[PDB]
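For this depiction, one protein chain was excluded, whereas all remaining protein chains were kept in their positions.
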């Protein structure tokens, strides 16, 4: 009931002739949150590990030692966490801290044991986890949804009306590379990251969830800015966006997504704004 | 100048590995309205001819005989016309009839002379024209935008809020195969054909009246499981084979004229 | 015992690298007349429907309404029919009309029911049928073999010596689109369409039959005149020739074929002859 | 104006996706007989050398030593010759023997000098030449059109009616590997040949200027065709069928070699 | 005359049908040391930057701020340096340190200015440079060739006879992810890393130089252990080895190479060496 799959990096040239089924296998995590299970992807775009943890009966922990060539999961890595599901808790080295819906956590490198548990097994917590390599330990921090700063953005004419939530951000805190945020599109607005960009020096992974209706789908565009493809996403699915690719998506209704960013810098304005 | 370019039909399998540059060449007409010229595409998806006529100083007529193996353009064909530009007139066999903005016209099989004129050379008429093969002559008809029937459709939740305008429609008139309509998405809505594949008919969409110059429309095609997209600037058109779905999304609101033909005038409802 | 398959149209570039098995699947109908069955093809080259209704005794009907988005098969289409087999019958709106060998029939737009029957189950009828979309009803007409003008053509030096028979022809009849003909090569001549002639404004389907002996084969050439491929045809097989392709064939012996043409014009002089090079 | 081109062999699998121009480049010799010239192709299907020599003003000899890794052309090879044009002669080591139209010749391994001449420069001899590697010297022999045993075959119903002329045939004579013959379809017949061995066909004597021959090659299930003008040649590897059909009648010289005679 | 070219990562599948010119373009840095120039590759295999700095007349420095989206080259990165050419010096923030032949250097995250100079313009220093992303400052260290620690290895029977030189090694020093070493093959031995290893969690870049005679070539094998390709190497050229690929080489004669390693761990035991079945 634990799975971690490996995905290789590619050039723009390599994917040019991929069909939709090949694009989907290569860039799309089709199953993230499943009850009782840990589902993870390891991408060779900056060695990000991401997935979800949905504990029910037994408490769930990510135990990786020999698999990463290390003594314990976070020995050389750091970790972001956001709970998009029901009420639950994570205990960090024995200190149990409760996490409600949309509560975040940062866990710095060197932290040896993090255990994921849910309060009500029939409405469990869904922990979206993103781990990146780390050379420096920074203090663990809880990012409450309560104290999270909501910023409305976008207008109705451009169909981008949304609320942006800072979670793991170099302005509020210090991390090695990982950055994470939360974006809720208002009803009647489906476009995300519409003015698009390719930041060569970092990559992003988007995970789309909280779909308005079970019938909504999101079309995520990726690819070189002149050559764009799209992947159609159902609820609680994610797509990896390499450094050379634009990352944007359009919905049939409103939805929400978590983006995770990493690379060799945290500076937000290094991107090249994009004609496609 | 006059231009008519030819485009072949394809299988879904044939297009599966096309890169963006080849899809664009194959399914996308990138220049439709240019001043003084008539620009046309002939697609082997049901032999539709479509394009634009922008007369300014010299009246423009589509002169086709030997190219179509026929004595004059409309001997075996019918013709739709919609004016998306300035005020103008079409003279049908010497009879000049004025066409205001968004005025439509249908011209049945057998009409030997259609010449396009514009009122103001500096605000010319832009005539979007669609011709399909026709075996029966039906009366020519003027379709004023004034008397056209607007139908409100869509909500804000699904971002499809729009007004539907029937122009050449089998309920309002009789044509062999050709059908044409006009759809204006209200501000805050970019989705068109929010539902599909009609295996028994094909469609060509021409997008125009972009709200802002920065607007772009992403039109999806392909069988529903393997979908590709072409990104469109203002005043461009894309052909939808019978086997492909019809979708488009703008970054803002926009308008498009659809033109349909096929084996009937009467559709089955991704990745 | 009724079958209709769909086949998509293509560009020349699309087929340039097709292998031989792909060419056969895309352009070739491998079975037309089968006992008890009706087999049909729908080509996206001008939406021609062609095939055969090869009964045993009483039932055969083409049930197409919703599949074509219409109330009945011929509401928006017309239909040509040739009997290449034994004596049989088609019933038009309840009116049963018997068909001898090589008798033709045309049925205009709007005719609501046609049912195919044969007398002897052991000497059955083979009905070759071609339907194209139609916007105008035209009179049904009988194409008798007795009064069918035989037109001799070709010499032995060019191995094209043959008899040409007009059936559905714009000089003798009125149709929306469809045209059909019948050609019997004399023994010692197998070549058909000696200059190749691509006509951009219409397409053709060739159905080859009446092979001299069971071992004969016909090689049907297609493709742009510079890049030509060929499909090897057994008896009672058909090949779709898109507007952009030459249509040629040579047999190892004599044979016969029905050609069916449709498109946006009926003009026979609108073609580009391909001079003898390839 | 001496030419020899190299062409590699292939598997059936290799050609499956060749376009028309590629098959022609790989399997089709487009110019064989040009006045005054020798034109040759070296194919890696059994290292057959074939082409034509059309002497006009100057006598012509195929001079190959270093390129074939030998001291003279025929040191390790043998040579067949058929003259499809006007009267001529070959002087073999100074001994001149006249070659009329459709005269044959075999020249065994070890013969150092073959010189091709024609009487009239304005209706020259056309020498179609085929050479195969040879391990044993056999006598040089003239193969007259008269004494070349003709075998009639085919009927009009099958449009294959022709007379087959054996020239170099293991029944009348001995060679290392090479076998060569001459086949003329009668008027109103265009079909030809409706193996340890390969074949090279050179089609000529087209009835009318518009005649074309479609030569089929490939495995029996996957067949292609090449379109042939007059005086052109096509190689058929061991794994390929050998077929052709013309728009009129014509002639061809076949040359075969391989692991059996 | 500063160059940094970008090279993308690939799947094993992606390269399977690469022809010889394509393999070279994707995996081979063909020119590293040229007089007066800085030549660099940025590879999306763990974002390693490598190349050479060969100063002659004018002092040379790697100046990157906006291109990497940072304030200075080393703000988020660390830097290894080994001088394979003549005597020269690197001045770190104005503080000049001399660099003799085969002298090494490590420069930790945060040092703002490193300037490479050569003593004699006609026999310049050839500085091989390797930079990896770095989150933690560690002390700069000079690694003199004099005090380097050699380990002889291999026999003549396996043609692997060689001497190994520790330069940037977690035993002598602490770095974020970079590791670097130097290996000189004895005459009569051309094989490097012969029993071949994959380690999924780290990648390697090899730069081969000091070829015994001008005619020698090195054949570097890469690819999955079942599907292996090779690139043919002249003197002073380098090859990038993805985490999924083996690292091998054979010369027609002896030679030397510098290896540079990084990844998400520094543990050398993490690799799983493939038993000898290849292709």
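Think of it as A, B, C, D and E in the order they're written, each chain with its own count starting at 1.
The rule is short, and it goes like this: contacts are C-beta pairs under 8 Å (C-beta built on N, C-alpha and C of every residue); 3 or more make two chains touch, one makes a residue touch a chain.
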| item | value |
| --- | --- |
| Contact residue for the chain not shown (choose from D:40, D:114, D:176 or D:253) | D:176 |
| Contact with the hidden chain (one of D:3, D:112, D:172 or D:260) | D:260 |
| Touch criterion as defined above, residue of E:145, E:191 or E:268 at the omitted chain | E:191 |
| Footprint left on chain D by the chain that the document does not show | 6, 8-14, 44-47, 66, 68-70, 76-77, 133-136, 176-177, 195-197, 237-239, 259-260 |
| For chain E, residues in touch with the removed chain | 16-17, 19-21, 24, 156-159, 187-191, 194, 212, 215-217, 219, 221, 223, 226-230, 232, 250, 252-254, 276, 278-279 |
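Note that in this section only the chains that are shown with their structure count from here on.
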| item | value |
| --- | --- |
| Selected interface, A-E versus A-B, where C-beta contact pairs are more numerous | A-E |
| Chain centre separation (chain A, chain E; CA means) in Å | 34 |
| Whole-Å gap separating chain B and chain D, where each centre is the average of the chain's CA atoms | 61 |
| Overall pattern in which the protein chains touch one another (line/ring/star/complete/other) | line |
